[PDB]
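A protein chain is absent from this complex, but the other protein chains hold their places.
The first chain written gets the first letter, and so on, giving A and B; residue counts start at 1 in each chain.
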Amino acid sequence: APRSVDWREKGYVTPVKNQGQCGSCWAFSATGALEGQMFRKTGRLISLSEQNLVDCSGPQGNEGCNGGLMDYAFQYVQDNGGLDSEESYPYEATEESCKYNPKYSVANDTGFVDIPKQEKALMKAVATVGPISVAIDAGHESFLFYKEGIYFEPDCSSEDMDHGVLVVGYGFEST
Amino acid sequence: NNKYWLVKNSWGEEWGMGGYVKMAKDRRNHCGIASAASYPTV
Partner (left out) sequence: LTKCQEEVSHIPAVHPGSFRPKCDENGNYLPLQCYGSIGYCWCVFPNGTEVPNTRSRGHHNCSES
């Protein structure tokens, strides 16, 4: 509804993280969406563990550093009954053995909602829910050396997506 | 152009605008931004 939204201003977003050379972006997108929902629910912003998801969500369908899906990650947290914090379960950028410790579990999900494939519906969810997990086509050189401005790539695909990221808001430029 | 989605990337703060990127909004689903969107229920 509003013309502009930026959840960073309301304390829903943790600092920018770095996945390194591991295809775990699906895990960063998932902890990103869960950090915002947990904050909205408790009023406390706590960085969640991507490594906990990389190491333990194989039964939900994830493949560690070789790919995965945000929904499988949300499914894992629900099936597992918890997700450890970043501090207690640091990111190593590699798949290791599952070392989930319930004692350090600071998050919990109940399921997930899939948004209809339309930008108009996405805007509504971003304005009312909080940061939203999304997948984009980031496999272009232009995306690599992006610095400022609005990114637009004529060769971008709406059907093939290779990178999970997090939508923290939207807006428009001055007039 | 004018409208954008504020997106948080995971390649560290050195990339883009402090780790963020303004993606074209309302350009008919540019880069598939609305093709696989979801959130968890808590």
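One rule holds for everything that comes next: a residue touches a chain if its C-beta (ideal position, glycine included) is under 8 Å from a C-beta of that chain, and two chains touch if they have at least 3 such contacts.
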Out of A:161, A:167 or A:168, the sole contact with the unshown chain comes from A:161
The one residue from A:65, A:98, A:113 or A:127 touching the chain left out of view is A:65
Where chain B meets the left-out chain, the residues are 11, 15, 35-36
Against the hidden chain, chain A presents residues 19-26, 29, 63, 65-70, 135, 137-141, 143-145, 159-164
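Note that only the chains that are shown with their structure count from here on.
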In whole angstrom, the CA-centroid distance of chain A from chain B equals 11
Note: in the complex, chain B contacts chain A through residues 1-13, 15-42
The answer for chain A against chain B in the complex is residues 6, 8, 13, 15-19, 25, 28-30, 32-34, 37-38, 40-41, 70-71, 74, 77, 107-115, 117-119, 121-123, 125-126, 129-138, 143, 146-153, 156-161, 165-173
